[PDB]
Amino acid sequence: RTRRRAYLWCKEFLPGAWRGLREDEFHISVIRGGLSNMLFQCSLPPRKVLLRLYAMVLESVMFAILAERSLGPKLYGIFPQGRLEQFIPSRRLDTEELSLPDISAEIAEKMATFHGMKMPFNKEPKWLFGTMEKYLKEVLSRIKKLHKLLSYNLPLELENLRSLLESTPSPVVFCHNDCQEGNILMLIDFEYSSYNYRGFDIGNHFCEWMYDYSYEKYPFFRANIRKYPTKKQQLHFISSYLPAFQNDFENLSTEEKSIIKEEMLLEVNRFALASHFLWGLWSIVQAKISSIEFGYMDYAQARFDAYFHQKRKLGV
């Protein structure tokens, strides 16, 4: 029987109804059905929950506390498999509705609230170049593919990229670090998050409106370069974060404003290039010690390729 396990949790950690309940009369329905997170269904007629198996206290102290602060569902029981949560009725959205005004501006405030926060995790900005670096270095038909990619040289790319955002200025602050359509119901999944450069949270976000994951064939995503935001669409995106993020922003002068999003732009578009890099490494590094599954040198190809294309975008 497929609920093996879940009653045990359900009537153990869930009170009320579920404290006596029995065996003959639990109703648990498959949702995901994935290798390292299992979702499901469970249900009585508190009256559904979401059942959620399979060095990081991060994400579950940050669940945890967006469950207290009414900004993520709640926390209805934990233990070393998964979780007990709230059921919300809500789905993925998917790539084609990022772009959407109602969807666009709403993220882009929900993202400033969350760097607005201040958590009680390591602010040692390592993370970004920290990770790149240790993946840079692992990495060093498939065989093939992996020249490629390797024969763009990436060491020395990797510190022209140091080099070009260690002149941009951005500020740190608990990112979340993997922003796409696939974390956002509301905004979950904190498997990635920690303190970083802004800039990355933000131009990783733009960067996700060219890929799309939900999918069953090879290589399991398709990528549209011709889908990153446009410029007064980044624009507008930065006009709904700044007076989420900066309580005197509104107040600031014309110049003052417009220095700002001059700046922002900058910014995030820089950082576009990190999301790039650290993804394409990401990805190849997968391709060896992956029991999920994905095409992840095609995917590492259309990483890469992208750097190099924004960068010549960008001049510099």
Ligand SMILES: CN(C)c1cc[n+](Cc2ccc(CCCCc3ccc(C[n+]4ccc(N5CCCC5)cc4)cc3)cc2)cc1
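Residue numbers count along the first chain shown, from 1. We call the rigid core whatever largest set of C-alpha positions still superposes within 1.5 Å between the two forms. First, how it differs from the form solved in complex with this ligand.
- Large C-alpha shift between these two forms, rigid core held fixed: of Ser214, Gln233, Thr113, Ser239, this applies to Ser214 alone, with a displacement of 2 Å or more.
- A movement of the C-alpha atom of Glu293 reaching 2 angstroms or beyond is seen between these two forms when the two forms are aligned on their rigid core.
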Given for the second form:
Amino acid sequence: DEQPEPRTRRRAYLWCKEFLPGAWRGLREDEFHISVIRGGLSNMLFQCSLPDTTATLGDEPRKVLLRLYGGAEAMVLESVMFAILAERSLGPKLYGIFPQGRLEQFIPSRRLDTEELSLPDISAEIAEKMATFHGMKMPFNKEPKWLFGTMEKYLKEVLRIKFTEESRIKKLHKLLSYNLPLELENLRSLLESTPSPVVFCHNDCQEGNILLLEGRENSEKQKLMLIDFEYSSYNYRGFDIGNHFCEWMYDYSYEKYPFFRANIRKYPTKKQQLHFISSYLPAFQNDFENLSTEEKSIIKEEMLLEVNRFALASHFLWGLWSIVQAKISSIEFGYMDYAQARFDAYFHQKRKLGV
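Previous: the form deposited without this ligand; requested now: the form solved in complex with this ligand:
For this one, just the chain is written down, with no partner chains and no other molecules.
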């Protein structure tokens, strides 16, 4: 039970006392319980709780999550999004919002590991949860400018990076030797000919953003929750699914430099992809199962091509993102090696597709 700084404990006490009802309003500071869940310099997480000897007065929570962020448009959109998903029972409830952070429902859980993404019941539920997410109507721009707008933005940053450390200079020269402007436009041309509906996408469906709900671990359905919606946007459906498939290949729990492992052989097989989309489609279009077997087959075959082509944009986007992080991040991760891993997978997948 790691304790926060006294000033943070004091601030958290005050946010809980003023934003939460019932027993919280009369809580004494010396009976306030708080422990650090996740540290860092940004989006620190804390668990805040009543003492076990304090009875609740009504329906107020006994335990909450405090998220501390530490532009203004980004704050408005993210806060509105989180509030809406909470109303719709698709994210944790929202108890309080303030300039420094927010108070959220505490969901007893652990995150999934990379290997668990391939378990058939897990994969089927992720597909169902993603299809549900993709049905959200949200009050945000519905033009799918996000994917290539972000890749163009990152590419312009990357081309101008001036590293001073020798290994980063050398690794950057290799990544730029591919002629990334031209490759990005070849990717744009391919995806422009690849139909994919524009839906509200999570854009980051990795194992670290999927909760395994405590006490549901042996239940066949409804044991997961997708969280961490910060990067969500209207986007091509194929990206959300392809990006999720790419995440089967990357384990971020490796405790040595470069602090990830990559395994191209862990990408879902076409059998595993069919299992996923066979759960996705009836969750996204609930009379899907009443179609003929041949019409379902066509839809599934076309989706396989769609998602594996958009998986290329997952590699390209995250590869560029990682180079940018190598320049600007304050965190110990092997960003340049991860970039090379994503571009290696980009070209490997390009070959398999024949493009």
